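Okay, here we've got a single chain as structure tokens, the form deposited without the partner chain, with questions on binding and movement later.
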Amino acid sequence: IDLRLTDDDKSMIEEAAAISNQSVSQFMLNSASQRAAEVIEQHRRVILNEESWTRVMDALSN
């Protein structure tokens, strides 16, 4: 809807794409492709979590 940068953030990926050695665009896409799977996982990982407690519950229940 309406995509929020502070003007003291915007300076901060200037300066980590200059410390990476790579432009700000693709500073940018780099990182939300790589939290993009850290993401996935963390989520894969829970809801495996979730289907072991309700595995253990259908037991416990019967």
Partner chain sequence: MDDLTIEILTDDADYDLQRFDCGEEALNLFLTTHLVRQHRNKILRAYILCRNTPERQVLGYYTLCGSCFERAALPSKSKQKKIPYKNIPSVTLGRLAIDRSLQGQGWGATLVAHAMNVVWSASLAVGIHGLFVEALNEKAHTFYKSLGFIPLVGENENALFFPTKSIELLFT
The other form holds:
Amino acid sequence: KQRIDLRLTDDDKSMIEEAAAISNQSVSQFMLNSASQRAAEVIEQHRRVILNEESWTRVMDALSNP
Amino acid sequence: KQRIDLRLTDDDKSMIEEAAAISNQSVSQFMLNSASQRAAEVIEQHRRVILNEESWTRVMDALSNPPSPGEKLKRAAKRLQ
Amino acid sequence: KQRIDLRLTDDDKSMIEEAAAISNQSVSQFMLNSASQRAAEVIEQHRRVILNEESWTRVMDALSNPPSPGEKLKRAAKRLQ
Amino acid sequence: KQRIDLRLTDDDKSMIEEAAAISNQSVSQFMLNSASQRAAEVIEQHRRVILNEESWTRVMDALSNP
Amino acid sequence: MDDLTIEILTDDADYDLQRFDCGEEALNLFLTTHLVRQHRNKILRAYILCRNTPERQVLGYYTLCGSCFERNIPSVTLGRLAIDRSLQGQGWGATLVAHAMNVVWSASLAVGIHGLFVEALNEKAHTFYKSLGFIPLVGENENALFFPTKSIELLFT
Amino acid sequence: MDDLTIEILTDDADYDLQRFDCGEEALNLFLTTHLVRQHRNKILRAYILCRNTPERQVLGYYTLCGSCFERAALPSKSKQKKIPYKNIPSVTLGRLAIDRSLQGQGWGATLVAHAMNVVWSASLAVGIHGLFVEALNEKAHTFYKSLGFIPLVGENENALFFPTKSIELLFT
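Mind giving me the form deposited with the partner chain bound, seeing as the form deposited without the partner chain was just shown?
Now the complete complex, all chains and molecules, led by this one.
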């Protein structure tokens, strides 16, 4: 539905083509799936960090006082 | 140097935008780094063979004392000559 | 908002430029991301206590068989009241 | 000796300075070392993939019509 | 002086920070250059022993922070603890530690905390902590000690 | 069938493909699209068994690629020293197919021998310890086993190995 302009370096492109052929995908399917899974990972990590900093905040408040 | 136009769904766009902002990269930066690193590891993992304890043992012993070519195999070798 | 000015040798600047180009980032963005990631990493590491075999055993023992407060510590607490 | 300026947000600055204090460094020293170490990691990984490709090319050339 | 208390750093930064001397240049300088900024950035909570003077003469301090132990299991560590020369040998250090334990016990009722780690630079501090109940640790952790929260709870019964 | 030869695929993509059938449709479809694309990406080297004629129809094919192997985890290695060895070089023969017309005629074996000749020639230009093949099923497994390939067991089951040294022995 949307549109994105991606520029690469003949090395990146050949390497993406090679990996896409290994995994029986189009070059677009490969780029999208790579970005999608990576974005998933990164959001999941960011969620863990947020939860960490909340429990940090909770102990540091408890050590200030009720 | 080169260009690829990806046509993206509106949900995947918002997901990738959140992740690009989390890594403070542009969407294009995020996507190209994701593709380039994933392709590198797909190629590395495709070319490599990991051998468990016993397969490793048999490959090693094969290299130490390599087996004699059997009569069937030699019979094909003399065909293509 | 805030600005940090940084001094570096020619060689350090070239290494940084090469790594930023490989990362498809600009020099400023690469250095920023590098610094904030290493800072976060350092803070998180600083909050973690990594115990070896024996220290772990001793902490677990203390949680199973916790010592009675000693005379000196009892008296300091009493001094608090 | 060259000069590069970076702009942060108070969150990032205070984080860098917590991390600097922790590792017995100044803010300037900390940021420079962070970017240098990371540059080194990135460049060594890139060199690994270039060297893998050089190997691949040698062997694949050897396996072609010899 | 019969008028000293122990308070959280009240974000006033309104304390006499320069006259404090504990005997050790590192702890003095940590007070004068790090304690306030690190308390404000929530890497630690600083408690001050002082008297009810115009400017609250600083006569001792200690720090607490969240931590965890591994190989996440939550804990607190008491990072730094220092007392002015005038107050030494009199058992004021034990008193600050007891007060830090009370802070941690109170917290442990609101949040899971398994115990208190403590940091010991030299053998003087190591023997001091060892004599309050703290369990010595070994190897790469030889300069650290531990006190289970269950023991702190026993203390206040 | 007087005039068969084994040639490396020339990158022009100018052969006659879809009139090829080996009985297993995975190998056939792999030839239909995957072989030329995987060849032009230098993920493999394709060798074509075909007639020495202008029409040049395909009766067989095999693929060669570089590969490397490693062990899962080397234990108790405080013996004398440890110089790690992380990318141990080998060659893999990925897949091999014969047209149904040439079944029961040893052409599988002669193609295997030809691949071994290619690998042995490469042996003198780059260091190559041996030759893995993949055996997807029972017939392929026993077939490769009958040429000297040693089977691997356990999550490496679908793979057999032949040392380069015993390749040199084959061509004494």
